[PDB]
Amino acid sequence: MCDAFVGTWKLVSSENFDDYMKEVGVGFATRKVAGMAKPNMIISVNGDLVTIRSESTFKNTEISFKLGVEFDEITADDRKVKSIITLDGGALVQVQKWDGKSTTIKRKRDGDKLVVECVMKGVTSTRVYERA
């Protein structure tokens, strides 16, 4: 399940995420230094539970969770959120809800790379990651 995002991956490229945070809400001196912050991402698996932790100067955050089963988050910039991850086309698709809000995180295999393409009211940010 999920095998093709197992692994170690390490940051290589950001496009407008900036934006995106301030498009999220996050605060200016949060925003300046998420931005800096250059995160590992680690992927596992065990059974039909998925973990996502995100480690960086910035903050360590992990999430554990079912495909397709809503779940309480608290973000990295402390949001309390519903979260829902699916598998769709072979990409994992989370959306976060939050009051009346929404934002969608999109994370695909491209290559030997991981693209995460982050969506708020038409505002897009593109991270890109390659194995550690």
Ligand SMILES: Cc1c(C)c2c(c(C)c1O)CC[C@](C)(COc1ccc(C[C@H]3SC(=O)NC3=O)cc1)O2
Second form
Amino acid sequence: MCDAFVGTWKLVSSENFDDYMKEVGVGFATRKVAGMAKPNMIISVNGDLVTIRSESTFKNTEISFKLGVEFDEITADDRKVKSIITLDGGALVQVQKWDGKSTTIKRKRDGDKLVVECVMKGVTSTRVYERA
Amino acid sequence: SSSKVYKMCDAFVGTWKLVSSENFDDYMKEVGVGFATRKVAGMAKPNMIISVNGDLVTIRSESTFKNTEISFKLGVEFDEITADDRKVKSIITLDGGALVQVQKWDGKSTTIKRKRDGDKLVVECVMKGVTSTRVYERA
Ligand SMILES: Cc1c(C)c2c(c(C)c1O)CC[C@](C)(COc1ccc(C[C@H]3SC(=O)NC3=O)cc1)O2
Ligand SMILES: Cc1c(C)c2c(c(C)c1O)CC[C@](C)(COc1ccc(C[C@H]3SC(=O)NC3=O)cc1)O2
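For comparison with the form solved without the ligand, provide the form deposited with the ligand bound.
Every chain and every other molecule in the complex is listed next, the one we just looked at coming first.
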């Protein structure tokens, strides 16, 4: 089931991502650089360890994690958060928490695409990736 | 020490570029990296980006060979997939002023010591007596 996600994925469309970063509290200059980037997302599994890398001109990131186990993460916009990632309706669902706030990032397969739905306080961004 | 800013870390915080490399092929040979992969890894000259946010330390390495990133607390064991795809248990401490990382997997172990020496960050990697040395300076 994790293998539905394993691979290299290139970004293909992006909707409401600006509004979403705005709720998150990302600054103006960062919001415009991040918005132009068009990153790859790479997913791998080594045993019970999952790795998501994201790569672009803006920033290279990587989280390594076990499903269902809280871990510390520094996001690309520099929030220090607690994340838990679960497999949930066949989707990887990540909840990020910091300073009383939370955001949910859902990665789900739909046809040959990987759809990423980030939500915070009503504002939903959608980003679609295809295989490389 | 060596050092630094306000913390004993912060001697390490910044962006570093590879400046020289020694016995790195041999080091990789002892670790079990395959012939073809060693050629690509050995020619790469990576940048190393170290940062701190609270108790969390991050070491990023970036090149055409691979982009990796570890996040960790000092003195706390963590799981790590290395650049050459070993899955290891890793512990990193501040010891004689150096960042000393031990990686354990399949009964084996290696030690990466990251130290300051003048304006250089010097990385020494040891596996069964074979030691490699890689020198970095600030970008
Ligand atoms: C700026 C920003 C990003 C990039 C972000 C998230 C948030 C909350 C952000 O404020 C959540 C996950 C996610 C929506 C995951 O899907 C991605 C979307 C954009 C990017 C572009 C930048 S951010 C990163 O880690 N690597 C990149 O190349 C990567 C992954 O990444
Ligand atoms: C291939 C490989 C690497 C790169 C490696 C180590 C091993 C055991 C390796 O098999 C140990 C630490 C160390 C010697 C630390 O210093 C580095 C030297 C080269 C590189 C080049 C590649 S590997 C990476 O994560 N990013 C890069 O750009 C990174 C770090 O990195």
